[PDB]
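Shown next as structure tokens: one chain only, the form deposited in one PDB entry.
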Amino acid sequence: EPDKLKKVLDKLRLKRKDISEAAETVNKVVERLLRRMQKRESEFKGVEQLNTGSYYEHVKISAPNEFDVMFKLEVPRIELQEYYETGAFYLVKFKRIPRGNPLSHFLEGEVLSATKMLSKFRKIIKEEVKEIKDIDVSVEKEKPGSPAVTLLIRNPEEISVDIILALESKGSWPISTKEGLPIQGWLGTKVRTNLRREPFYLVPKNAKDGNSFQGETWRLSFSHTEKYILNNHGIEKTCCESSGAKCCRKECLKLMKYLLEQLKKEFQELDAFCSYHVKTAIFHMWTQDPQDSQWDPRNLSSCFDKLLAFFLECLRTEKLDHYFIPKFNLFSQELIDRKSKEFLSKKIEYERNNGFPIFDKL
């Protein structure tokens, strides 16, 4: 099957008219719901879209039926208090609450409450999707702890769009990330330095392990940095550019994400796995094999296979480090049953062992 994976890729490659019309309507809903948030004298007044990539590039590495957009808000200087043992989850206080700043509305004691803030955010969003009648869009019901306000756009069929509130901090990145982003031998030290001068983001995802200061915790997000890595992924500056050579890095990612996606459809036993796991694993793969020659389109089968083997080893050692927070083990026993890891390993091996019958979709 040296070219069977290309057949999968080509069948996946979607209607450029499906991309445009869907990206245009998701855009319109977002760009107007954004515009209508900045003119409402709420606390989110100064909100902006964070540049994390369009629906256009999204479909090339992920499933078209599910999208996400991040609304960033810059907040006065804040101090981060590490919430327990991940280096990813935080309680947030203001170093000093500027007078008349309406974000004080959301405090729960001294800490900025992700729940209070996300609840009003949800309220304003819900309140303007209701005036939207140019498009068929509804707000799906609340799943607790989730950072998203999920829109369901069904102009013809259904596309869920997560709207994610993001606090933006221009200060130095938190110390749990200090040896994260190990791109020095791949994208290099000047790149790493300039990415770590960018802001970082906090999304209202609560951690689930405490004495009722859980509803106030936030989680670090590096979506903007991840966009950069995904689009600037070669050691050569012209990798996958018009005047440079193609690599199969992104193709391997699309294939891995499509494989997880089809497995997750058949087996609710796979509920705990998610695209971020696969994306995290390929970041490590790209660090380990940083040479563009190690990702030759002609070697797609081998490259895909070494990503599968790497992922399988993460499952078996129950270790998959967050690429930006080496402390944070996404595959720890606290988070994913060992029986679920073993289940996914079984299914992946089976597909690996038998020429990927699940891609048998002609």
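Positions refer to the first chain, counted from 1. We call the rigid core whatever largest set of C-alpha positions still superposes within 1.5 Å between the two forms. What changes on going to the form deposited in another entry:
- Once the core is superposed between the two forms, every option in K237, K208, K130, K265 stays below 2 Å in C-alpha shift except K130.
- In the core-superposed comparison between the two forms, the C-alpha atom of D18 has shifted by at least 2 angstroms.
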Contents of the next structure:
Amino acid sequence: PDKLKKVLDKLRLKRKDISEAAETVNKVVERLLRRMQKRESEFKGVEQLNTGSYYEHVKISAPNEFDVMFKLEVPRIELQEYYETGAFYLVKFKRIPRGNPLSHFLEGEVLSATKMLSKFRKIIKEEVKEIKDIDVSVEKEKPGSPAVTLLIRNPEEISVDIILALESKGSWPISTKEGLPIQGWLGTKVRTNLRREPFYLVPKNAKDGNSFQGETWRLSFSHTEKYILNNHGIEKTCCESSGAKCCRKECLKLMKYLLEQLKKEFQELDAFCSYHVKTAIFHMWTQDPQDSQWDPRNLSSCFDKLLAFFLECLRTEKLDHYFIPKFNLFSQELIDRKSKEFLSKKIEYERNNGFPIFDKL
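Provide the structure of the form deposited in another entry, given the form deposited in one PDB entry shown above.
This part shows the chain on its own.
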């Protein structure tokens, strides 16, 4: 049963796609950002959110993807809750427009996400050619994506995600109030210092139906989420140099590789993404706060505990958003029962047979 340790060791693909193949992807990025803070464009104050992808972190789960956020601070913005999702909002301007080039993107009173993204893409889709240094290309604007992905073809088929995000330094939305329950895990001292940080809105189309197509934004917690990924232990020295290790990131990497390899053969699992796993292991980390329950010498037990948690999540159709309690990710609106019962069958099959899907020599 100590073969998982050999899956984890084989998982690392160091330089290929992460080390020398990730500090090149950075180099392209800051070129774009610098040059993107050029002229008199609405985005002259665009900035790269402090996040972790390039620093050997895109390499843990879902290695075939790259991601970056371009934040852009806004003024006093009123948030109109979009129906009852708790995550999709309608961005308005608190006090009447005076000094902001973001009035070019106003559809009525609300800030339209398509007009802004449609023009965002046009600038980036114009300044990547303005440099010849490497072979970088951009993807098509497909529905659902609030990103402008750069398929660069230096390292196989890379696709660095550029995600425009609205930064609001005000208090967090009221739908995230009972969320982030890290009191008994990380502490009320850590939880408070994270909620006084700005929250971000990504231009995701809430496709509820007939109402606003591209005027809806979504709450992004990628900044807070990686503060939890690197600071996951109850001891501050967890997985540090002068500290003890744990199997939290490894039990995260194994569930991502399990769901990633399952979706490659079944297109009926096109309803589950890596964020279902992320949020699942957050509920499991909060349930088991002590680092003793995640000792590296219990990788098979901790992974089986996480698998039985994801099976109960599917089984009862209840995987609440870690920051937004009322927002249930495994709602029947979003995922039909048949997919839950289909994915339960494969995860159980791989769990009862020594994980044959990880059979890589």
